[PDB]
Amino acid sequence: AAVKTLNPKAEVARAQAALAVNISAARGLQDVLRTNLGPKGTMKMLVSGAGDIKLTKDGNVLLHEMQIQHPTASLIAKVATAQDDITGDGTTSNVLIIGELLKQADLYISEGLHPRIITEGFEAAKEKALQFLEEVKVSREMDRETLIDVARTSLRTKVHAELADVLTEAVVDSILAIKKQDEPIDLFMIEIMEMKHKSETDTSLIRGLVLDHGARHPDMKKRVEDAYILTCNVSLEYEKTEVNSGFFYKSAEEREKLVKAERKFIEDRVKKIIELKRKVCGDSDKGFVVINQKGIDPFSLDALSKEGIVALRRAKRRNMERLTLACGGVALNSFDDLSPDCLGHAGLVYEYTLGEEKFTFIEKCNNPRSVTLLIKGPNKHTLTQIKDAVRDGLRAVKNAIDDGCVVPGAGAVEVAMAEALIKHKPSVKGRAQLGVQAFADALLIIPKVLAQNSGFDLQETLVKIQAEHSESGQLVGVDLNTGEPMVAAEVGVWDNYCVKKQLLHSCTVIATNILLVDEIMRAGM
Amino acid sequence: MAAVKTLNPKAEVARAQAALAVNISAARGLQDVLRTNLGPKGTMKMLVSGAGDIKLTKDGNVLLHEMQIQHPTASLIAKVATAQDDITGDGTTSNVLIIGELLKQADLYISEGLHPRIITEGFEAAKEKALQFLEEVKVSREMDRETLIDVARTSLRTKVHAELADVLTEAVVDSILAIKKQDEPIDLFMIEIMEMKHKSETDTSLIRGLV
Amino acid sequence: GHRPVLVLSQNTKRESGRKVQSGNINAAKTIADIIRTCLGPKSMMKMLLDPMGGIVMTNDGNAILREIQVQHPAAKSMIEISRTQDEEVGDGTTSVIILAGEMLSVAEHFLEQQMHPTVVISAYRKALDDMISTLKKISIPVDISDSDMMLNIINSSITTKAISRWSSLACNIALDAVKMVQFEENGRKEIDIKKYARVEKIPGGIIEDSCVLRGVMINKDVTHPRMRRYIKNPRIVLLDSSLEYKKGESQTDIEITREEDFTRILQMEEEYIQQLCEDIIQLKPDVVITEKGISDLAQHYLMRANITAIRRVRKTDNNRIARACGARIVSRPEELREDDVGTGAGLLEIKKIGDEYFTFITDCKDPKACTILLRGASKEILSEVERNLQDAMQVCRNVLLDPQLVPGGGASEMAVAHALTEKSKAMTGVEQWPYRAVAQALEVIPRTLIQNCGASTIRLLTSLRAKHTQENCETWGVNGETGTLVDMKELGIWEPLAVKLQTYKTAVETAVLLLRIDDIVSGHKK
Amino acid sequence: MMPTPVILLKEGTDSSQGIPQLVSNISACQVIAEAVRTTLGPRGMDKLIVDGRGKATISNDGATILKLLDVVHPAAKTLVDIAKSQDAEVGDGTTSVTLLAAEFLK
Amino acid sequence: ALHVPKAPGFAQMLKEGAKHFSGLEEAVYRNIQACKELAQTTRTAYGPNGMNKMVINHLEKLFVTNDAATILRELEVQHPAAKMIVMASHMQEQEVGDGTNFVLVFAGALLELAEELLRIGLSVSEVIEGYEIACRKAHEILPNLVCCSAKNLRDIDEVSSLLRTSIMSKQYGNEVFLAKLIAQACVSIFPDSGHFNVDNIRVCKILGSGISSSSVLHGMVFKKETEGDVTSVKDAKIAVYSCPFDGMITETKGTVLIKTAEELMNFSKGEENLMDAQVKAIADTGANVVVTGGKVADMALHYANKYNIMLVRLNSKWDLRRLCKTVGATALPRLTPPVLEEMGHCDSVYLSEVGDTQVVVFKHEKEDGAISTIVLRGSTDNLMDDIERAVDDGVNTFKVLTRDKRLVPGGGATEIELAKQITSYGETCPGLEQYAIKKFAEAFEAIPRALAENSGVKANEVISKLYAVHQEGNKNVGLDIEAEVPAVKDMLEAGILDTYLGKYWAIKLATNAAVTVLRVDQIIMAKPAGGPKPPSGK
Amino acid sequence: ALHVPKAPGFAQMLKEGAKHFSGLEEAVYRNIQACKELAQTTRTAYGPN
Ligand SMILES: Nc1ncnc2c1ncn2[C@@H]1O[C@H](COP(=O)(O)OP(=O)(O)O)[C@@H](O)[C@H]1O
Ligand SMILES: Nc1ncnc2c1ncn2[C@@H]1O[C@H](COP(=O)(O)OP(=O)(O)O)[C@@H](O)[C@H]1O
Ligand SMILES: Nc1ncnc2c1ncn2[C@@H]1O[C@H](COP(=O)(O)OP(=O)(O)O)[C@@H](O)[C@H]1O
Ligand SMILES: [Mg+2]
Ligand SMILES: [Mg+2]
Ligand SMILES: [Mg+2]
Ligand SMILES: [Mg+2]
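Going down the list, the protein sequences come from chains S, G, W, B, Y and H.
2 is the number of the first residue of the first sequence in the UniProt record's numbering; add one for each residue after it.
1 is the number of the first residue of the second sequence in the UniProt record's numbering; add one for each residue after it.
3 is the number of the first residue of the third sequence in the UniProt record's numbering; add one for each residue after it.
1 is the number of the first residue of the fourth sequence in the UniProt record's numbering; add one for each residue after it.
2 is the number of the first residue of the fifth sequence in the UniProt record's numbering; add one for each residue after it.
2 is the number of the first residue of the sixth sequence in the UniProt record's numbering; add one for each residue after it.
I should point out that these hints are in silico values taken from the structure, not numbers from a laboratory.
Mixed in with the good hints, there may be bad ones.
[Stated by the list, open to error] Subject to a maximum C-alpha distance of 27 Å in a straight line, what follows is the list of computed DSS-like cross-link-like pairs (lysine-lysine):
(1) Y:7 with S:10
(2) G:197 with G:138
(3) S:307 with S:317
(4) S:287 with S:272
(5) Y:225 with Y:307
(6) W:353 with S:181
(7) S:307 with Y:318
(8) S:222 with Y:7
(9) Y:225 with S:359
(10) W:528 with W:425
(11) Y:260 with Y:296
(12) Y:406 with G:10
(13) B:67 with Y:152
(14) S:10 with W:234
(15) W:234 with S:181
(16) Y:152 with S:377
[To be verified] Not close to chain H: a few residues of chain Y, all C-beta gaps over 12 Å, as computed:
(17) 7
(18) 9
(19) 14
(20) 158
(21) 200
(22) 364
(23) 523
[As the list claims (entries may be wrong)] Listed next, with one range per pair, are the computed distances between beta-carbon atoms:
(24) S:50 with Y:174: 28 to 34 Å
(25) S:49 with W:250: 48 to 54 Å
(26) S:53 with Y:141: 32 to 38 Å
(27) Y:58 with G:108: 44 to 50 Å
(28) G:204 with H:26: 32 to 38 Å
Where is the CB? At the ideal position from N, CA and C, for every residue including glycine.
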């Protein structure tokens, strides 16, 4: 080895060794992630070094939680991480397609064929596949039913049946709640809270906010019916002067005067709040809730509670925007210009206590543009799994709304796309037809893995589905209960079009780049 | 991990697809190294022992024995090739290549959920048909000197340099025809192979006697 | 006891003679052999592992050489010349390494034949001068106004990279970025793509969606949610001074003895913030950009005037914004002027890409800085795309500054080698042999291209030499993908003259430097 | 027992159950009571206990003697605890309590 | 031919200390075995005849108790499946307060029978579906098994009878006395408003006089002494201050600037006069007791002694808030004299000695108030801790009764009836789910079996008799622990009853834990780390 | 992402201390270099001088 003659402490793989190493790593990753695909996939238990337990079947989460130190695994993991970051779904399919592409490419490379021809065939097949996907997408008006179908198609793969149905209802309702016509959807306005006191099916959607902190003064009211919401970012605690003031007195009376007069600055803002509260509501019928992003010292808390005002302190920064959109007021950084129109309105505010932590509920808003999903479960791992599932569902629904087209699932699109690629193969000049065939066979992995996870046999189910598609022309997928060919569109198994496009692009690019690597070096020491 | 590892903590076990993958990988590695041996256009290999003895070879069996391998499947394939060399004296490289390719082709279908038993049944049927066809295609012919010369050339050209092979062909054919009785088994123990170290490699010849 | 007495300290090794020369030449040859196979349109990528856990999948020679560690000092010199070639012209980093390795390889033959290295060095210098002369003689002019030819040049520069699939888009991006970055002031032409052509990579999406913006894009969000995230024609005001209340430089201390002094001081802090914001507002801006923090009270006073503020932007990003929107960064807003207000930005949008907020100051009219937004499969893919785009932009800048072109695909190598060989016939001294040796050592580029293509080196190179022995055949090279001899007037693969000149100069001078060396000494401290 | 590739409790956990465990508890209580047997009555005797620092303590009081002993047996510590309880509530009888408890168990 | 290499793929890619277990035999059976081991370890403490266990944690702290949740807390459980079952048990403890042993036993039985079903040929999905169907059927059946209701909670005898069963499992010898104590303490709490707060019941443990000498006090007891010289007040008018009993100081910076000799001579005298005026102003309102959360200045103590004011210092602010709730006072942030609304009243405050420790008692004479305290006596700290755990179980049972007033028969009667009904239901369901349903029904036998085993009789005879009597039509007949031979008796008359919510939540959580354990197919354990605990748990 | 594993097949099955060289660069050029070194070592003793 030339490299080892310079740096003796180096690890090098060259020529066929690099391809063998990369393909072996990809095949191992695919072998591990085969069991995740589909609603019939198997759960995994992931125990960290500290002993924490996770129960997930996500491709990205599983990839993060394996104990793997391989370079090709790192590359595939980064590709899947980008997949999850942008589209939010299709990581297991990403890994499976990359692995099958590499396997099919090696099936020809091992017989003396240069990888460049395979990459050219991959490029041609990718172009044709993108054209076919454009031809096959189903443009639709994203009503509630289609969104529910998409949410089921994701959550059934992420959790079990009835929990999936509950999560579908909650996710679709929340997305439709925060969605503005002809305006991009901001997923930051859906706050995800976790409480750990009830069953997993108790997860629901609250048309308001749930804050993990409550009023710190015992005398403050625990339940306010009609509330005026004041969202502020003003410090109501003692603040030191920036220029190192210090006090100088000559008697105890002077010290008492200086003690009493050092609170005047904060007392002025507290008095402004109290004056606004008195002006807005002259009786005890209505309530006043002050939600502050900064701290409130006990003196200000007592002064506010003497007037029947509920005050929250150290609220999250995003809660300013969330309460502004839900309650409808305005976030204030100063009280100099305080007006009644600056107050949001909430139809119910109450505090819920669970163990050592207290939660505040702000419900019955007029038309909340920001809502919250309250994840409930008896275990921490259940809460984490439900959070991941609802993230996947929210991404899926947002993607479906973003473009009015959705793609049939259950492997139908891959089968039809492979058939189209096979038909188009003769048009490709040269030996790139081998690469086109490899790409089609790699695309056919999804129905194969679905049949495996459902417990059927790959060959019989695949030939049945392919024969049905060729004979009828419909987009027929895999029936995970009977194994027979089945139309995905009619039953309501939908896949995100953007997810499939990203899958094709990323898988083709990463496979082409890996296949062209002929040397692996570790000589930075 | 498994039952054996439970009973014997320091036990190495490969189960289910792991064992099949291990065996196929070993066979593929052996095939990958021995591919270059096949044919007269193959490549010489230099084998250096621990004591420093240099051995140039192209034989598959000789290459396998001086391989630095500690694999079980490699040991099995080496024993099969050793038996092939012991009885017939030829075909060791082809033996290893065919075994490796059979395993690779079988894995090509096994990795798609097919049970190996069906592959073995197909192998048996194909072996029966191939034996029938080999019986059909063999060329029965009375062996004069020319045909024996052709066979000796077909072997020695793949073993050694072309001119050395041409010399060895006449040597071996003449020796075999000399020691051969009519319609009797040939005793190769009656051909003494004596080596001397003072001339060129093309000076080897046949002595109609004993040295 | 009685420790031994030495002249030089312990562990001070010394090697001398023919061994040092052979070791240096073999080290250079090994360094060349490391990246020999990464040349041409058929090059295969390499997968490097960083000590910190990163992975560098690249085809660029300079990246590969800078990501490895060596102990032989000649290898260090080779790495240094690769970095020099990368920094000077932008590409040619593996061609120079291969050429230097071949030159040292052919110099070893004379060093073993009782020839002093000084004679070889003199012959090499004469040869380098004649190569410069021939390269300038066989060049062709280019008009920079023709955008099609510029795109073709950039394409011929990037056909050897992983971006050749989207070569057209890449060429358009590089050309537009270089054209916008180009700037002149006080009679000083300036093309500074290092600072004013920023490449931002966001994983995800598709690479076909990557584009160059008529503005800038920074990973920032509004300080306050009430602030507008969409403004049509913003009047941008840039700052590099914090909008908070800060302690003075002097040792200042207060002494409070009256009741109302504490609250008074706090009120003066608030009033100072208010006056600062009023001074900012007097110019009637739309967005305010600061390099330092912005206090919450300042945010309130700015939103009172319907102003969007971005809190903490980097110095380089603020400079890019100033170039793009025509603003001028100021520190004291009481000294703010109308000329410092940045008008020209055609839109300001703050939209969420993935799970992050990004600020767009796009749609500028005549911007002098740009952001290349790259979207792709992952971080390694985007890093390689960024390196290829850097090569493309460097080549575009080299062509813009120096508008000559020379044929590629080894045609220039063969033409210069033939001219050098023909001129060598006039010499009668002993220096002619190394002269011809380096002349034919220049032939390594077409040989490497043929080897990477997979064709037969001997007969193709002999036919190419025979073709170059003719009169009007100096543009005849080799196809890098089909392994056939073609006229580069038809293939269209041309390279900037500056790149070739720098490559030849660096190769010959590295050969000279490593030939001058003997008596390696090592081990001493600092 | 079996190796149990992933064991239930942390490695090194010691468990004892059944009649032998309770009999051993009774024996430990007997051992503790033996340490204050000769301190009871007008003909009682004093005990000298030296700590790690080398300071000696001489006492006829049962509670003090039991406190000075660094008892670590979980069943034996009950005798020390009841001696402390008797000293706190009443102040006398700190030896009779331990003798009676050990005699009951015996 | 002497070593087995690691299989190419995931096996070679795995880290050094990592472990990977996949498939039925290698993962599911191991998890079931671990859960069965945990259930067996906790099993012997079930029921009234359960045996205490000496558990010593990593800090050499001795726990002796038969509370399953406490035992699992103090055990260093390492297996992830056992960790999951322990989490389910702790969730049951948090939600209800009793039934943790039931959860553990039911989960263990369910997992053992799940292993049996998998061995005979059923699939994991079929077993899970059958278990869920049977759990739904059990939850439907359970309301029909209610035998009687609480029908009163302001009574003393009736609530004591209700709470006797919950604290008969622990402290089997003497449960009537503890039931009476907890009933009195809870009846003092729980006003006309239906809300009942568990925190309002305080337990102060004082060593020395045996648990039979324990009592309930309407007020609070603090184990400390008074700062002043007054140690008894008969008509306390406590004023509570959350500020230190000292002259208030500037928060910025204090510096006495003296420029003349007169100021230097007069500063201390003026400060003393000011503090005397403040203390006299406090005393003029009638406050004869002062409670502060901070330090007490020496001059403050002197002037409080001069005006005959009892001083009590509470370092913990939780105790300060509880005292404010008890007396009906408000914590003044400053040292201003309290107005008539903020001055709490207690009918007696005095310094007393119980056993050895000195205590301060805020004693009410009425049988009411916001906070009530149970003072526990005993001869050992561990015994008092166990009695405190029993008191917590009784209080949680009272809270559950306030939430839902329905009750079901105990001693395995409800479990046997549920098993019979679920078996009858599964006898009609066709398909492979019938095996899982029948096994779920059979898993209920582990409760009467464990009760009989702990009682020392033959479990099989008890279960057969229970089935015979239940088939006859007696749904309130269960195990009789007051016999040396297997016998059963009607347990509605015996008064041994269980809360409906306890059984409902225990069944739900146990089934959820079992199905969640069954759902796992692969385990990828990382290399163990010796970190100084996760930062979340501190 | 910090170590390069051995390629499956012959590379993994090779013994501990064994060395394998294949191809032109790894084998033929190295052998030629070694023979050149030997010839250079003995060269200076050639001839009467
Ligand atoms: N009910 C269903 N019937 C048939 N096929 C389904 C059903 N639900 C999902 N699928 C298919 O199974 C696949 C599920 O993959 P999934 O586990 O979500 O991987 P990822 O999370 O990486 O997208 C989808 O491609 C979808 O087409
Ligand atoms: N289409 C082509 N046909 C033949 N040769 C080409 C072609 N494109 C580029 N080349 C040659 O490849 C070389 C560029 O390879 P590259 O990897 O960029 O090396 P460097 O980094 O040294 O520029 C140039 O010398 C050019 O002559
Ligand atoms: N006197 C009794 N006779 C028979 N069984 C009883 C009696 N008292 C309680 N039990 C049974 O003991 C069980 C309580 O066990 P316990 O140790 O409290 O476990 P957990 O704390 O998990 O409920 C109840 O199910 C009840 O049926
Ligand atoms: Mg998915
Ligand atoms: Mg042969
Ligand atoms: Mg280049
Ligand atoms: Mg209980």
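For each hint, the structure was consulted:
no.	hint	result
1	Y:7 with S:10	holds, 25 Å
2	G:197 with G:138	violated, 41 Å
3	S:307 with S:317	holds, 26 Å
4	S:287 with S:272	holds, 19 Å
5	Y:225 with Y:307	holds, 22 Å
6	W:353 with S:181	holds, 15 Å
7	S:307 with Y:318	holds, 20 Å
8	S:222 with Y:7	violated, 65 Å
9	Y:225 with S:359	violated, 32 Å
10	W:528 with W:425	violated, 48 Å
11	Y:260 with Y:296	violated, 31 Å
12	Y:406 with G:10	violated, 60 Å
13	B:67 with Y:152	violated, 52 Å
14	S:10 with W:234	violated, 59 Å
15	W:234 with S:181	holds, 21 Å
16	Y:152 with S:377	violated, 33 Å
17	7	violated, 9 Å
18	9	violated, 5 Å
19	14	violated, 8 Å
20	158	holds, 73 Å
21	200	holds, 53 Å
22	364	holds, 70 Å
23	523	holds, 23 Å
24	S:50 with Y:174: 28 to 34 Å	violated, 46 Å
25	S:49 with W:250: 48 to 54 Å	holds, 50 Å
26	S:53 with Y:141: 32 to 38 Å	holds, 36 Å
27	Y:58 with G:108: 44 to 50 Å	violated, 58 Å
28	G:204 with H:26: 32 to 38 Å	holds, 35 Å
The earlier numbered hints that this structure contradicts are 2, 8, 9, 10, 11, 12, 13, 14, 16, 17, 18, 19, 24, 27.
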